[PDB]
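Only one chain is included here, represented as structure tokens and corresponding to the form deposited without its partner chain.
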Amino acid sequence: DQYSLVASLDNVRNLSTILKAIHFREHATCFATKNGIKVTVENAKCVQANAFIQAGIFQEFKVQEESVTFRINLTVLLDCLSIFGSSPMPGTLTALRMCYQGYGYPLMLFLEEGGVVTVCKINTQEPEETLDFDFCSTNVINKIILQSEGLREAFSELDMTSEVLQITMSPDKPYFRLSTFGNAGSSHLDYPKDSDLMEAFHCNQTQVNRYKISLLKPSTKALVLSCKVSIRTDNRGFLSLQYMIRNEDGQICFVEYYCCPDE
């Protein structure tokens, strides 16, 4: 069995859920290593979303090389992972066995629910240039962590009319502000540094950056599933959003969103 990659899960949802958090592009690059899998989707040099599932999440996880990489159709991949329905019942799990022989071979999925077995042969492609946003904690001007739960309603009410979203972070008031500028309408969303939602606040300077809102819109998927989110901008003005997601087995996984500023 010369399989570059082999993975198994008693619960596909410990993979499909995370992958849905970054599903805004039809294609994604998969990077596997002894430590786990990283799926990446990019929006033409402006946005990058990464989901990482540590090897510890799987029941079986082995890579026969230093690293293995391939491109796949994320949409098809997610369609297959939920081949048995998206409203499973308590005690009703769909197990998964992933196998990727090697360069030039299709990704193989084996899923079973109640004894019914689905076999999927998803062709793989040659990876492409994957952007690099080196958000070093040494480049981070301001950093903040919010309680995801209480931001969902508010974040979905961001005036999509405005073409930009302006973020303000500062040791002075307002502490954290999201602003839009749509049809005959200026709007602001303010979060005080002493908020119950504010679990961590580390802004040591006043920064005001703008971003094209539609580029940030897909970051909502990850927000909904997360329970925490840290927000960071660097000296270049790039935005970094890190979501902490807890799977059904209490384990923790992260999703990361990077976005270049608007000028």
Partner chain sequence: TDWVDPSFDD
The other form holds:
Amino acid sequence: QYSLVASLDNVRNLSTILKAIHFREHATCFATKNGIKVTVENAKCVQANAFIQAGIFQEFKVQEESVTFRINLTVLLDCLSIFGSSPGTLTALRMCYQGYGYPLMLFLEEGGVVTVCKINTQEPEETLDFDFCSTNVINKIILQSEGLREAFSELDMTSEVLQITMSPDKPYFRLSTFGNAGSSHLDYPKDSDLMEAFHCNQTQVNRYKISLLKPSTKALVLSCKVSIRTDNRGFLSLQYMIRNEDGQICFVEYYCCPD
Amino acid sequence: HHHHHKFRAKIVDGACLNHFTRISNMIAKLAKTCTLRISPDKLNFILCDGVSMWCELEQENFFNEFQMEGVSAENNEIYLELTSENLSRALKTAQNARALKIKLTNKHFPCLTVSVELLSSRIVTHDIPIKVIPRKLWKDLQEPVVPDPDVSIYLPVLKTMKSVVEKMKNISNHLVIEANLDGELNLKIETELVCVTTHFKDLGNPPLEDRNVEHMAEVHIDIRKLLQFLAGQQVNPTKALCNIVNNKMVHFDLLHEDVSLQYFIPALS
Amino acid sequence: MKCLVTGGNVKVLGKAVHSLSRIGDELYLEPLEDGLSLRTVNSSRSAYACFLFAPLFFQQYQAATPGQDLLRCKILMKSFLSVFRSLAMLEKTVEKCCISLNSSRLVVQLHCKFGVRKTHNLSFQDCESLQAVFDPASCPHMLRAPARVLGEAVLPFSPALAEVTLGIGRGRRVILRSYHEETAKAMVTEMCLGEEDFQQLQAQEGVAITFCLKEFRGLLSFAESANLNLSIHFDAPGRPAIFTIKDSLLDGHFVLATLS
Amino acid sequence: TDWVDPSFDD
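Please supply the coordinates for the form solved in complex with its partner chain, as a counterpart to the form deposited without its partner chain shown previously.
The next block holds the full complex; its first chain is the one shown before.
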């Protein structure tokens, strides 16, 4: 009967990753046999995708070969964390979506206490397609997230753009901002211990609206590794390898158009 | 600007000292202004806004020295209005202190003077401005008349309630709290976009034209006032009763260690 | 000018900038023969703060800018504070800090772990010297105590308390009392200290001065985290109070006006 | 919409 049935012994395996893309009020959800993909977009330039594969869930059954509904992400996250944001004391989740015109059902249980949520779903609007293929990627860098987490959290937000330079030559990998105070450059050498993979065949310099890229910090903090790619269009791809509380690996992705 | 009443007290027991601090901290959250009642055997903190609060301390259980007298022997009481934050700030020094002295003074103006002895000796003196309430108004500062509840039920873990309520606050400001005589209590918020219901069970009920045990008594309240009360409960009490008068009021009867706390939240509509 | 800072002194420099930022909105830089001078004043110029870093505080110190006159400049405090805003990261990540004059911008390079380099190109304004002489020895009254003692003394007050009164009472007691300018009354808080807490107390009894606590916290915070002694030199009410700290290779002194 | 295509050296 139910189009989508998902269950978790630990609700944080869903809520934690969703928080990393929470920079808009609403989000589009896609449920296939692979798992759940939640998409958040803004200004038709930036898009964040959270991927929670079926293997994460203790139970994940889907009927039709694609179930898509839009929802209030803020309300969803409020409900998923209804028993607190800092609990061996877990909170089980059972997620049920009947179909079009029906609300998303959430059954959360902690210590015998049961919270039942029913969130109405809106008309899904067309999800942007950034058409980002690996066969068109010019430069690619994989970094240890820990050594970049706090340096990124500090980039001057008074600046309008974040300029990313990737090059086979010095400074190899540079993040630049241009705010009121002046110029600021953050450089990572290709020989660095933070640099796990360096594949820059061509010098590329792209600029992106920093307001669009700022929420990706949330993903960076949760990630253990981060992959940075630009293509022949200048489009940016940020992929975050996230290890949840069960040691399982899920992914968050950020696309952003050039400025 | 004279007053023929007086009050002097002292705390030397560290447990009582920390305990006295937690209470002032709790009160500061519930209201900005509070009335302190001093009697030869008790201290009361009174709120009467529209939420009422009756907090009662038995003096012998905190003070090793305690002495007071009202204006008259017949009416041996003292009613003091003060800003809750002032007492809280003053008593934050008293936490893990060596000794605490409190005294009614009138240096520049009538004050509740809190002297705190810190150990290197260092003395911190807080002069808490107080408003002496005339005897005429004492009638408006008595114990609240407790109506017979339709349902009385033991509260769940207050820390669990707080977590649920504060997250529910992010969604709506109108909360329905309901309970029956079958150990069940629900917290319900409901908007056009989302309905949220939290189910507590096996809570138990205190004993004593009887009603169905499954019949649910409820009341619509301001969720911020419930959250106010729950946030002020840093520690889970030895006794936590939830009394509901259907569509009129919820009454919380708490007893933790020495301290009794009566909190009343009126129906919103 | 070129100033190269290494080791623990990097965080120390950062703490000084933090301390100065709680006084004024503009940071004045002036490399001298006896070291780098960082100064500021509050909006009404009723407060004056100065940190002097000895040449040997730096791994490399060149006051002169070859081809230029001697640097006398000011930068927006918030801008300079931004470079050192997280002290916890200064310690863990930053190994070296280089401050130099490129002739357009003031360059601050942070040489960090794993070969990471962060470069700040700050804009500045050529301006007047902020040097002003305030001799402590001219003050009749003084006291000295560990900064942590005074930190404890100020703890009971509200964080929003603007002004505090420092006074000398009977029994050579040192009194800190909250000050309030007068239709609802404010709670008066008085911290009372024994002279045992003080390393030196040279002040007639009955003498009291009222100054800005917010600004006093600024200097005190630096001296606390460095575990240094703090001297307070003062005179009559209405006359400025001079707050001094001394380390092996740096000097810090704050000058605060007092109420009349 | 397509599932994630990890670019990590896994």
